[PDB]
Each structure stands twice: as structure tokens, then as C-alpha cells.
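Engineer: Next come the chains, spelled out residue by residue.
2 protein chains.
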Amino acid sequence: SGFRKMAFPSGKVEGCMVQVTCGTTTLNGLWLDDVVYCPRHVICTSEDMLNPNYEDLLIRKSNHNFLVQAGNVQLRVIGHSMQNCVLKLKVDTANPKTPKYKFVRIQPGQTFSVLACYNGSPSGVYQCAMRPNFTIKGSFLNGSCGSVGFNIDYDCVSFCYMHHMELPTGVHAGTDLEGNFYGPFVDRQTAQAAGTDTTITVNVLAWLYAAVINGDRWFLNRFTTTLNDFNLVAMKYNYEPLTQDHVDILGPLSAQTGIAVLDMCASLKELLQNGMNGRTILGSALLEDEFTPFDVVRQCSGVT
Amino acid sequence: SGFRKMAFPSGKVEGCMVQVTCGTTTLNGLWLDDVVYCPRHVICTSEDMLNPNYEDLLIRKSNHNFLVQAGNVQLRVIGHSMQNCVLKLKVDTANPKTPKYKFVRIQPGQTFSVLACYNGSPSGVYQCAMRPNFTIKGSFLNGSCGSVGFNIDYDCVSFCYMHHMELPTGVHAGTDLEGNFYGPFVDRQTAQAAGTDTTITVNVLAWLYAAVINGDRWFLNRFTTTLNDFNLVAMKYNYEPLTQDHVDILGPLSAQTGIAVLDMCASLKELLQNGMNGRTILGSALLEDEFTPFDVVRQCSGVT
Ligand SMILES: OCC1(c2ccccn2)CCCC1
Ligand SMILES: OCC1(c2ccccn2)CCCC1
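If you read the protein sequences in the order shown, they are chains E and V.
Heads up: the first sequence is residues 402 to 705, going by this note's numbering.
Heads up: the second sequence is residues 402 to 705, going by this note's numbering.
Treat the hints with care, since some could be wrong.
To give an idea of the chain V side of the interface with chain E (calculated C-beta under 10 Å), a few residues [unchecked claim]: (1) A408; (2) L516; (3) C529; (4) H573; (5) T681; (6) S685; (7) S702; (8) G703; (9) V704.
Bear in mind the hints are in silico, worked out from the structure with no lab data behind them.
Using N, Cα and C, we set each Cβ at its ideal position, and we do this for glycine too.
Looking at chain E on its own, in the form it has when it is part of the complex:
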């Protein structure tokens, strides 16, 4: 029993992290097969970042200007290309520790583990969600760019995120591993305001089911609701709308606990309207939205 904000074991990803230096800029790269993936802003001075023309900056760069270090061994760069906002450095050595992997573009509300790295070296691992405004709330200091977000399905790492940017409001923006930003963000030091950080309703409901499964039941009430009624209350509280797709996804948890999804919606409705009155659910004083329904089933069943 017990329910924790749990990251994927990071070993398979630790084995892929390298240091990339271009001039005076050092950040992290991801070494998969004979390609190293890193943010294209590795080629920028902090001055460049105000208004960079990446194509023009890149013309001035040769293979030998990209210093790639894996542990304390240098990799030989034999090619480089820009794909969207990432550089692909071709090296002459396939990473011997390359796991089975995929590049996936996640949807808002989807969760993933981040391996925070500095100078190609892992500092820690934590669990994130892609926010509905396509920001993440991470822990990223200077040097952390090129740190990656991932899911693991048994032995296959799905890479979904590479860290590029802290917005002036201290939230985080990055790309998939094709170098396309999540949301409307750009790799430029400019006014970039995030939109409304709404609560991921389906995730909150999953976590309420996790709470019931783990003995925290005080918030269960005698009420039910409808999707339309619930959604009026959700809108008012800056909660994402709940769809029949979300109800379907919660079916297995509904089944396991014998609490109909719409009954759990009615519990959530009362919690929104009445608050926690100083009580906690799974050691939280607020409604937790960084567990997917899949996360709750995985952790409640013990998948490896």
C-alpha cells in the first residue's frame, strides 16, 4: 500500500547522457545509436539568445566546434544538422548503452520522468506533467538544457521532452525529440507568457481512485452528477473539461473500486466547492493532477 509521486528508473537514460560544448556554452545531449541530440541554442551566446538567426549562426560552425564528451571520453563528430529546434550531431561511435527507444510527442496532461543533468551528468529524477498550457513545472538550473523527459514501457524508452527554456515566470518550455516546441514557445529570450494553467481533471479523478484504493475515503459523498453539470463546476474552477473519452479511460479504476466515474466526479465537485477543510488526501492538501489513470493502474498493480 501507499501511493508516491514515482519516476521511472533512470538507468537506461543515464546511459545516454553526454556533455555538448559549442564555444563557451555547455549543456546536455542525448546519445542514441550514432546521433547526439541537443538544443540548437548550444550555438548561441546569451547575447545571441535575444534575437538568434539559427541558420546564420550554424553556417559559422563545423563538426569540430561541437565538443561531445561521454563520461571522460570525447566522441568524434562526423556530421551535424538542425531539425526544428534540435541539433543532431552524428558521431563515429554508436552508443553501446542505447536502449530500445521511440520518439513520442505527448498530449497535455500526460506525465513523464525528467532526468535533470548538468555537464552530461545526472543530478536527479522527478515526475512531471505536460501542463494544459504546454509548460512543465520542473527543476532546471543553468546547464540543465538538453535534460530529457521519458516514459518506459518494459524495456523501451519513449523520449517525449528535451529541456530548452525557462520563461521569465520560472516555468519551463521544451521540445519533443524532433525539435518541435510544446505549445507556442520559441528558443528566443523574449516576452513569452504562458496561458491558463488549468487542472488536469482526468488525472485528479485517477488520484482520487488511488486514494480510495489506499484507504483515504473521507471525501466520498452520497452524490452523483452528469458530465454537463460537472463541466460547469470544472469551468468555474479552471479545471479541464471532462469528456466521455476520459470517463472510458477511468473505467478500469471505476471497476476495481466499484465507484462509478460520475459519482467520483460528484465527490470532486464537493471538494472544489467546499475545499479540504484542513484535511489531506494521500498526504496532499491540494488535488493532485500529475498522475494519469495509466500511472495509477501501473503503481497500484506494480508493473516493472
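Knowing the structure of chain E, use the given hints to seat chain V with the ligands on it.
Structural biologist: Okay, now just chain V with the ligands, sitting in the frame of chain E:
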């Protein structure tokens, strides 16, 4: 910027996890050099667990009764001994992935990462604290016993915990890697009530400093206090007493932020007396006590 509940990268520990089977019981073992460490209750039926005589149960066991599997390869057991509440299975092969390591017995309030494992296979990693009542609040299903808690200092894994027990109240109890329980707990299925789960005051203060460093400053007030005055309020709120040792440990964070420790105590005092009034600190609606001062400095500086 940003501050996350962050675990150590788990790769070095993933490389040490094996499956141990004795009869119908499968749990996890830790393979370091040519020794596999596992909970001695691997030799118990669920019936045995009501009132086990471990010495008598062990007499009936031979090396060949301990099935040790590392990935899909069997290890040959060439010796076995009981040390306190752990078994040490001597195997004929040193673990090739053995990291530099130490066995440490942590104090209450100290934090560590758990690698949750089932059948010798990692499912996830999360950050814990040893509670002042010598319980931990983990995520441990059946099969998770032998999962370990650790700290990493650069390249040296300090193992501090091995999972043994869920108490009837759903909190967790285990041993150091010499097999000595934290607190008064025993590996017997019996009435074992935890004492008062007090808040780790020095950790809350560290996290308030982390909040200031990360721009969350709304709780800073115009007041100061004394250790004795603060401690009267702490006692009332089931907070651990604050000692001059704790004040000293917070010195570097005091220095960095220019907030005297006793001023931060006076902020914490008001938060205890007034509550959060529906506000959050680093995305928490309650005062977080699972970051040590060392944790806050590590994460705020980017140690790898
Ligand atoms: O399940 C919720 C938690 C718990 C509570 C009691 C026992 C064990 N675990 C609290 C915070 C995260 C883990
Ligand atoms: O620092 C606190 C958190 C944050 C908030 C804003 C931006 C980035 N990170 C919220 C929860 C954990 C991370």
C-alpha cells in the same frame, strides 16, 4: 529555477537488484560483490509470519533452497547466514555492476531515494524521509520487500534502508543493510503501532529557504523569535524541537538568502498559527518536511 521532490538517479542501484525465491515466497535482493542481501522473512510462509522462529526456520534451509536470479540468469548460492533481520547469500559471482558503496544507518528526518522493485525488476523511484517515529511513507505492494533506500555522493551509493514490513496502519518499516530495524519494529505479523509522526522542523525551514530562493516569498513576515519561543509553538503543532545544531546546519541557506534562521522560524510560527489561507508554497498546500538542508543546497546548486 523550480524545486521538485527529486530522487537520486537509480541506475547504479538498478544494477544491483535480483530476485530471491525461498519456497513459494519471491522478493527482492541486493547484489553487492559476491553477497545477496534480502529480508530474512523470505523463509516464512504468510502463516510463519504470525510467530516466526527464524533460527528454527533457517535450519530447514540449504544454499540450494535460495533461488537467486539476476535478469534471466541464475546465481549459484555457496553460503548463507542470518545477520539480525537480513540474510546474506554468498554467491560464486561478484556482481560486475557493483558500484562503490557503503552501508549507513540514517537518523530520523534524513531523506533517501527508494527503488521500488518486484521480482528483482525496478518499477519506480521516489524520495522518502525516515519519519521521527522510524516509519517511512512509501509505495510498497506485495513482492516489494528487499527494495532498498539509498543516497548517492558523486559515485558512492550509501544504502540506508531495506523494505521489510507494512504496519496494519499502511506505513512502512524496514532495516539498515546490517538487518537492524529502524525503530521498535519486528519482522512479525503482530500489533505494531507507530508513535507520533511529528513534522521534521529543520526540513520545513530548509524548504522555506528553497521557496525564497525560487521566488515564493509571500509568507516572509516582519517578525523574529527565539529557539525557546519557537519550540513552544513547535511542541503545540507536533513539530520536532529545533536545536542549535539545526540552526548551524541552516547557516549556508541563511547566508545565501540573507534571512536569519530565527526570522524564518518566526515566518514558520505564523504559518502554523494562521495556516496557508488557501495559498501554496512551491506548489504545496502544506509545509513540506521531506527535503533536508543538504537536499535544498544540492538541488539549488545542481550537484551530480
Ligand atoms: O499513500 C500516501 C503516502 C503514504 C501514507 C501512509 C503510508 C504510506 N504512504 C503519503 C505521501 C505519499 C505516500
Ligand atoms: O518550484 C515549485 C514547482 C515549480 C513551480 C513553477 C515553475 C517551476 N517549478 C511547482 C511544483 C514543483 C516545481
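Engineer: Evaluate each hint against the coordinates.
Structural biologist: Hints, one by one, checked against the model:
1. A408: 5 Å, holds
2. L516: 6 Å, holds
3. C529: 8 Å, holds
4. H573: 7 Å, holds
5. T681: Holds, because the Cβ-Cβ distance from V/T681 to chain E comes to roughly 7 Å (cut-off 10 Å).
6. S685: 7 Å, holds
7. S702: Holds. Min distance 8 Å.
8. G703: 4 Å, holds
9. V704: 6 Å, holds
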